[PDB]
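Form solved without its partner chain, single chain, as C-alpha cells, below.
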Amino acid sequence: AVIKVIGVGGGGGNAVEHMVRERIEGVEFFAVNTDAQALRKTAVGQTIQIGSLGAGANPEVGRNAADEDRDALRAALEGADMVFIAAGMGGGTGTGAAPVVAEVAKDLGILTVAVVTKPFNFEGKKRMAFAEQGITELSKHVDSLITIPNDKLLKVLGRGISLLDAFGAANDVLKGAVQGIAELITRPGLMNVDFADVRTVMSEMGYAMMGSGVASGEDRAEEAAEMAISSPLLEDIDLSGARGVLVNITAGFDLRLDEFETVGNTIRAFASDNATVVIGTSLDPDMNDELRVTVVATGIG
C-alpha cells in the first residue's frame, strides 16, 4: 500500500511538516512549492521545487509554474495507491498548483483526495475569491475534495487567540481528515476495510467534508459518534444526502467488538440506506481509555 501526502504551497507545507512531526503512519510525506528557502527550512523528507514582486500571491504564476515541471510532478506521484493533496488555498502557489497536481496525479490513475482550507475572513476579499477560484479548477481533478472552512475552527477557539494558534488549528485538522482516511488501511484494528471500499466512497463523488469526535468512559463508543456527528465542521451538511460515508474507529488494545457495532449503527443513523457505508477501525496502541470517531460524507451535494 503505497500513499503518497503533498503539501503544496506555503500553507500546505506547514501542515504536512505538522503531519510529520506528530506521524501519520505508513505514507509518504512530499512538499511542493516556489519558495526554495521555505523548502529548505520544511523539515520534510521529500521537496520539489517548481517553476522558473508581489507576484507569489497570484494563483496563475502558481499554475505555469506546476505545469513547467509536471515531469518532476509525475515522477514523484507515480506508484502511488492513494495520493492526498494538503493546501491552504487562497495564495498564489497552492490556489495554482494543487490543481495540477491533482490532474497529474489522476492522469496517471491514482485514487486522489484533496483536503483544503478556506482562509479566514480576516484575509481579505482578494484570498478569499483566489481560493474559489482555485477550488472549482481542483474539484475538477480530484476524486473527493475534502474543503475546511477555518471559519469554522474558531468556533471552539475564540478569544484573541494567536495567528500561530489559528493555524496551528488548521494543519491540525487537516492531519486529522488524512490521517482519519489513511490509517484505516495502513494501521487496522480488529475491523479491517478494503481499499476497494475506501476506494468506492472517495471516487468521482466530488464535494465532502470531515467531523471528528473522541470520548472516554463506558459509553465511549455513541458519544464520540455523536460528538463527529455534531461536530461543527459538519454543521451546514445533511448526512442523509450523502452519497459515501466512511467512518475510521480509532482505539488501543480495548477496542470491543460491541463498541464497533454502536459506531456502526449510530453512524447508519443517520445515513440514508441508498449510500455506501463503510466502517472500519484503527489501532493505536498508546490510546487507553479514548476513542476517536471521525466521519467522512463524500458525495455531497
Given for the second form:
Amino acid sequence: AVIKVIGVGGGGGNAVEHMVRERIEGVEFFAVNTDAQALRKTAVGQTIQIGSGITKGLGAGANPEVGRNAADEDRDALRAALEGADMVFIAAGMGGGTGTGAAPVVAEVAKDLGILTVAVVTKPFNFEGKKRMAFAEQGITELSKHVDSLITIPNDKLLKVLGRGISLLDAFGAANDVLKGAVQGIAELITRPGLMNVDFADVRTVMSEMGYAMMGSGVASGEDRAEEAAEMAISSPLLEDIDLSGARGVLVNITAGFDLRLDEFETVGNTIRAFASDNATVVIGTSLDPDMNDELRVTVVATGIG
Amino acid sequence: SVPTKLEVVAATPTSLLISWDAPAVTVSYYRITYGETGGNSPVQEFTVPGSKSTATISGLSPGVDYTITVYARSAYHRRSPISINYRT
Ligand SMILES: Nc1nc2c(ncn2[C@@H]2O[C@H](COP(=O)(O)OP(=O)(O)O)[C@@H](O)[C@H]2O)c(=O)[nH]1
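The form solved in complex with its partner chain is what I want next, because the block you gave corresponds to the form solved without its partner chain; please supply it.
In what comes next, the whole complex appears, and the chain from above leads the way.
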C-alpha cells in the first residue's frame, strides 16, 4: 500500500515537516503551499507550489478564496504527485488562506482518483479570531464534501492538556503533535502491522465515505497497562464531544511490543465493544513496536459520528 | 524532544539524582532508562509518575558509565527522549 501525506498550507506545512523530522514509518511526505519561501525553508523532500500565477508565489494573504484558486489551477500538478496512492492524509491548520480552500481541492483530485482520502485538520484557538474560527468552520464543510473521513481536532481542546506559563510557540507544537499522532496512529496499522493486523481493505471499509470522525489516544504501563490506556483513550478530551455509542465505525490500534498478552488484547477489545453500538463496524488490531516493553498505546478512531 | 533538559543536580559516589524540566503538555509517566554502555545488560529501566521532575537512581558503581535517557509517555504526542552518559 502506498500512503501519501500532504500538508497543505502554513500550519499544515510545519506539521508534516514535524512528521518528516520525527519521521513517520513507511510513508511519503508532501509539502503544498502558495508561499514559495516556505517550500524552500521546510525540509520535506517533495514540495508542491500551487498558484504560481494568480499569487505570484507570495502566499494567500490569509485569504481562503485565492487558496481554492491557486489549486483549482494545478489540479494536474496535484494529480501528478497523487497518482498511485491508495490512501492520502491531508493535514492542514484550518482558518488561513492556502490551507483552508485548497485542502478541499486536494481532497477531491485525490478522491476523484479513487484514493482513500482522510483529512486531518485543526480548528484554530479561541485566541486567534472570530474570523479564523469562521474561516475554519466554512472550509471544514466544503472539505466535508470531498473526503471519505474528516478528523477535526479543535485546538482549543489542548488548553485542557497545556500547562500555564505556556508559550504560543509551545501551544502550536502541541497541535503539530496531534496532527501527527492522528496520521501515525492509523498509518502504522498498515505499515507496522502486528499479529492481529488490519488490512488496508479493513481500514477502507471503516473509513470510506463516512464523513466526520474523531480520535483519542492513551498510554499506560505495568500490570494494568491495557485497561488504563483504553480508558485514557475513551475519556480523551479530543473524543469527549462525541458519543462513541453512536458511531457507525470504531477503528482501534493497539501499539505494543512482543510482550502483549493475549488477555490484554481481549481486555482492550471487550472494553471498546462495551462503549460501541452493537451495529458499528469495530476493527481492533495491533501494530508492533519492538522498543516497547511493559507499556502500551491504544488509539481509537470513531468514524461517521453524525 | 521531551523532556528538553536533564541534568544531574545532586550526586553521591554510588547514586545520582537527575532533574528534568517541566512539560508544556501533560505526561502520563516517565520511562527512565539506564544500562551498560554497549554491555547488553537488560537495561531494566524504571518508571516515575508524570507529576515528577526528578528521579533517584540508586546502587551505582563509582565507575562504569550508563545510558541515562528519560522517555516522556504522553497521550498527546510521541516525542523523542533526552539523554546523557555518566560514569560518576
Ligand atoms: N499545527 C499547526 N497549526 C498552525 C500553525 N500555524 C498556524 N496554525 C493553525 O493554522 C491556521 C491557519 O494558518 P496558516 O496555515 O498559516 O494559513 P494558510 O497558510 O493560508 O493555510 C491558524 O488559525 C492556526 O490555528 C503551526 O505551525 N502548526
